[PDB]
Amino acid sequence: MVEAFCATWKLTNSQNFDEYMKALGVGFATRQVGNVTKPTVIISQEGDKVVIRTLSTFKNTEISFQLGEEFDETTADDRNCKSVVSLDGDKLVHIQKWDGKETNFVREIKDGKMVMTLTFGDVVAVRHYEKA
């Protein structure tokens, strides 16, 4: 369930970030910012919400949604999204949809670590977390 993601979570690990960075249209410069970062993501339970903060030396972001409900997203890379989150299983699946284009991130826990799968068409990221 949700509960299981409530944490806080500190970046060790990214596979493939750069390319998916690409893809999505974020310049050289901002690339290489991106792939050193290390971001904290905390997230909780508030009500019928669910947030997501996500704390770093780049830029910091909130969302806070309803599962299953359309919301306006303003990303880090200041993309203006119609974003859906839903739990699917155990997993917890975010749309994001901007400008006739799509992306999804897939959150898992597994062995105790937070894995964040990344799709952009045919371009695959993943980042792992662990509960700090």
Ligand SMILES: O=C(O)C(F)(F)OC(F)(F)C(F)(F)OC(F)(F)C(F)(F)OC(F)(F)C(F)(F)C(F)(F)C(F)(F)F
Given for the second form:
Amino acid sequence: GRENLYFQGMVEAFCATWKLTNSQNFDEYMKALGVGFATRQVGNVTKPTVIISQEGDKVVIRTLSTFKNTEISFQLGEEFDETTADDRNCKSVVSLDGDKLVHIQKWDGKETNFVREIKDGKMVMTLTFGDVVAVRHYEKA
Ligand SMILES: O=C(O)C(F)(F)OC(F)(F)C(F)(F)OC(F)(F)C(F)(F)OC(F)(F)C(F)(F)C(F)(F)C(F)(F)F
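Now show me the form deposited with this ligand bound, since the one above was the form solved without this ligand.
Below is the whole assembly, all chains and molecules, this chain first.
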């Protein structure tokens, strides 16, 4: 009933081609993660395209850039293995929390999370590691 209407309407809102339009404190966020000088210099100029789609029962997230191209495929709320763009081998869970799509990565006893939300048609991504928070805005292409 309302459960399937919530899950279908939420996933539908996020499924699009998203272009990065704005970044805030992403450099600090990469520094808190332990991303070195070399990669950070690339990461601060790289303009990603994020494609979110439904491929069967799975939700797919493709991050396309001149640095590295990543692709993750998952069932909502079911843990999966993920090798990140900065070569961290995580145990990750992508889930729904109200109007938010929450991505939690765990590796080496550490934890980082990315919260994606739709705000006035834009996708706002909040990246958190400890006290360090970054905000990235995306628009539909
Ligand atoms: O979603 C996006 O648009 C995202 F590409 F920027 O990825 C991300 F969501 F920000 C991340 F959280 F995945 O980033 C990261 F965690 F992988 C990272 F911070 F390590 O990123 C990184 F360092 F690898 C990087 F070099 F900056 C990078 F070039 F891959 C990029 F694309 F993220 F900027």
